[PDB]
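Every protein chain of the complex appears in place save one, which is left out.
Read from first to last, the chains carry the letters A, B, C, D and E; within each, the first residue is number 1.
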Amino acid sequence: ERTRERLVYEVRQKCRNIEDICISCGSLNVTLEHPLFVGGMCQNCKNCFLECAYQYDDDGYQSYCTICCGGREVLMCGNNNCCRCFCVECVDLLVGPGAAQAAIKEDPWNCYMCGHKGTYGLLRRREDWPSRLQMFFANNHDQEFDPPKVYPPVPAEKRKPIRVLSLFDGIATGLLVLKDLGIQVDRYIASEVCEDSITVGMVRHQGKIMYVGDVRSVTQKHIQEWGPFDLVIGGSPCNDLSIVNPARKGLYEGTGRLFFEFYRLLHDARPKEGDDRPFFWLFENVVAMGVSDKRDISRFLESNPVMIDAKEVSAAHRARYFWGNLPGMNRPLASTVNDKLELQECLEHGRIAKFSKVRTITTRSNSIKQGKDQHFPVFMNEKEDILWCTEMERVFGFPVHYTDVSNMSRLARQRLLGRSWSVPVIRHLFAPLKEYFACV
Amino acid sequence: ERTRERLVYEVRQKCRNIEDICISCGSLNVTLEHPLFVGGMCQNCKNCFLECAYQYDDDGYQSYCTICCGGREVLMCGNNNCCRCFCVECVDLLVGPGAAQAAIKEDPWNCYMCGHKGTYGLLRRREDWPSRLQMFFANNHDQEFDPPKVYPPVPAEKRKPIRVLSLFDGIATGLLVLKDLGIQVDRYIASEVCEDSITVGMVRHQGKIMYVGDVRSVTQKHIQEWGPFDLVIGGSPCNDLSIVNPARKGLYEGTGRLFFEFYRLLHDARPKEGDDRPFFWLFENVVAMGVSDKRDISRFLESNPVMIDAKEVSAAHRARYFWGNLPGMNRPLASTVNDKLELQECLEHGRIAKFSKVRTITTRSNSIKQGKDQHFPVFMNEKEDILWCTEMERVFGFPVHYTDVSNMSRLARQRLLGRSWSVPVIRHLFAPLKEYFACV
Amino acid sequence: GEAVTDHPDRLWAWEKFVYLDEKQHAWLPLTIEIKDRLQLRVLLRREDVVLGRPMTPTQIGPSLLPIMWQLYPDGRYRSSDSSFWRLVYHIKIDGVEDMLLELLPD
Amino acid sequence: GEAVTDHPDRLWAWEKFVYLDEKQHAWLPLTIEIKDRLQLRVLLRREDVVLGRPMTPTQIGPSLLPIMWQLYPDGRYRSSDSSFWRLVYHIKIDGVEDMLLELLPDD
Amino acid sequence: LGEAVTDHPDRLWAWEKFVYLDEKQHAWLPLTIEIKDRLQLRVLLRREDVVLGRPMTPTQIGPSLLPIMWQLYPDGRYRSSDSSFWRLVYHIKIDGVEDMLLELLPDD
Partner (left out) sequence: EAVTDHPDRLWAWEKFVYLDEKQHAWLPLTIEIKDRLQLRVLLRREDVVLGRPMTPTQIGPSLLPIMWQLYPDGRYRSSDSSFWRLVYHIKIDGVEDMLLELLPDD
């Protein structure tokens, strides 16, 4: 245990440079540079940082310390939209003795990521730390994978409609986006077991979606009978109860049995050797996951993920991994005049916001409440209030009044909207498809 | 009772004509002809028929016998959209001995108003009975008052915006209709004490409505400080707490102390002698009220009502009295292509109706359960279902999603829509105003 | 004497100097006392008279008394001219029932 | 009780419930008694009080009293509203002068 | 003879050719395969703790009779990535070595 303190004492004595030790856990094996501060990072802590760099509590505040991704007793930043966390040990060892007491005393406290000053004892912040953090998620385990195929564009005359297959459909965001872009659709087969979502889709899309129920019953004969497909897309919100519990997973369980069915059905639906017709696919999962699961998924699909965050073209914090082979999905994410990048443009008439981006939401309305004191995120007549459903719909990019059907209680709408994908992100990925399939 | 039997027996013996006895109660003092059947009618029965010809209980079926407007035990008609009543005594005397028992046996049974035949023993149905029933509601008691003054058309050049004062406003249907027509509005002062409707108006009309709280606090000085008005419109719903409990309404009570406030404020706002600017007003009440109250209201306002039913231009049964002096409000009620006159045009995709008009919807939740056995008026996947709010909104003529504001429980939405006025009727009434005030 | 515990809810002007409450009983103003410009008192007594014809407010014509009273809460009667009146006493005398109303300043 | 032949020739309304005789002396009507629809009598009293600002007919407003009174032969008075009134009596007691006028039926 | 085993594995993902890792990253190996008839096939799995090498992609594992990914479907049956079904015959522990047997099922 004394190793870390000894190393800190030695550096303060000017015997070693701070770029040659692993500040997080205090080991002399340095292999990487810390993406935020100035120092070294060891192999063991790289995996833990990848895992825990994007995990947040039910209250919206961070779960694990920033430096060591661990912690036992913690402080917390005060500035809203900067809900990061620091633990006692790091503050005392690195910044200086007793600084934690002063940080606790001051009200409101600004952590070291807000302050205009860039140095605090040994803790020194970098200049391009946002870009550094973004690039840090490009350290995949294997790289031998070759570039994907590039099917030559088909001339406009020979183009023909698209046939789709969706797994764990949700409320049919894919069909909505495909209609928005202007691409003809010939089939759209969906699997789903949620009654509210089924009703919403049935009412909204004029019975164009064919439902086939549970996914654990689809056979290869069904796949061969339902005709050739040209796009297979799957992923969350995993409506079918294939993963047992939202919380009992921990960090490891559920992903395997979610990915098994997608791999099986994709294997069944893929063109056989000798056929050169275009074929595309897509798979999605959260950032907070084990390293072994990510390695295995990348091995079996033979590709590496591309992390996309929705806060660049919307007003929410939502980060995910996207496996696929769509044309040129690695290009930079850019906004358009049609987006609403602030929470002040999503509220109704006569209401005032308190943040810039909505932090987090869960199944229960208590999630929308903010702070350990449970204060609400909106101001109205100098009295705090929670977001309405018509405001969440704008936040997520859906058309307004999209989910008003079938006399659902106003609590189920919140879940339906929270579990769904983000429209502006999916449009980004689907945009290139116009070069291969006809248009209205 | 024996008297009625004796005269019935005598008419059977061809000693008297059936047009020389009051079939309802048997008195020989005949003064009018029965609007529906062939026979005579006396004064007391005329008053009772005016009172009780439009009262329907919770299930939607008639409350009192068709003939004698009284009765102890009643049968029920079977054909939907003809929920009428016939008491045993009347059926047994006027149709024949034992007829009511025979009708009891049959299942289902069509009453004498549906039947293709026009005679059943003595009870014979008049062929022009719809028009006759419509005309029977123009036997206004006592005086016939003078014609109202016609205000000369103002040339288009001098027209100026309108200034409105509303009492017991509701969800601001008047402003909605005035916007629809295309007439400029300068003021719209509203009095109201219900929070939900206040929120709906505030959100929907962008803070154009000035709220001034309850009505029992308004003084004459306020009516002067708030400037001259050019339209004073009042009536139900009784949002304020001057009634509160229908337990003390009966047929004569509860409705006598809203006219007090309306008359007081109208008297305060009326232009003084010598000021010949245009001035208008309008007052509304239900059909089922006491005769003395109607006489008094007509005396004090010095006009007779005009009964207008929304079933001619919409898909609901709603009959009201309208006092006022607007130009030409007695002209015939016509429809337009923009209306939806049947319940099959108001349902969402994939649903099938069971009637042609919504029997009776009021604040009470069970009012949607129309028909005997408390039917649910919609078929979906061969199952019974109730109307959604997005279907009631179309039924009442409102724009879709009008009342979707502020996380209201759907029961509150149902009540709000039930209490409100009907848009097409109000548009009919307000249409002539375009000749007097500017237009957008 | 004999105090009366309940009061009429309304007084509608049927004819000149005749008023009918909510139960169609006729009360007549027998005497009016005039202390000063802002003080007026009216004595109402209950008599069972043969009513004639009803009249419109135009035919009743100008009069010191209002055309309609209403029992506001707290036992105060508000007239159609927006003023306020106060109930002094309400008694019974061998079947004769009497009421008194006194104006209040604005 | 003194029987008084003093007889005001013309009474003009300076303010509501305030009347001035040709001698500018104020008369105050105190009470109105109603026995029949055509039997309305009003008691007038002579007083010496400070007169206020004059009131126009509009300010006076509707009132059961007429605005003008004028003497008529046979101990009668002609009112502004064309009605005729009778002088029931006029007496003086304890330095207080009381006069009672009653309405006559129309014909 | 052998002691029965009750804690069944949940997965068997191909790590190398002829090495399979369950949900706890323990290595099982197929030691013998029995061929009764054209539609009846049996595989014997045994657990050996060995030093593992670099992992292989499916395109490098190459064609093989065995599937690439088993999984424990409810009610105690193992589905493969080819949509077939397998049945657990026995699961026993002998002298510290644990053995598993899987039997294919006809096509219906």
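Quick note on the criterion: a contact is a pair of C-beta atoms (placed from the backbone, for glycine too) under 8 Å apart; a residue touches a chain by one contact, two chains touch by 3 or more.
Contact with the undisplayed chain is limited, among E:19, E:21, E:69 or E:102, to E:19. The chain not shown here touches chain E at positions 16, 18-19, 29-35, 38, 50, 63-65.
Going forward, only the chains that are shown with their structure count from here on.
The distance from the centre of chain B to the centre of chain D, each centre being the mean of the chain's C-alpha atoms, comes to 54 Å.
Rounded to whole angstrom units, the spacing between the C-alpha centres of chain A and chain D is 95. With centres defined as mean CA coordinates, chain E is found 123 Å away from chain D.
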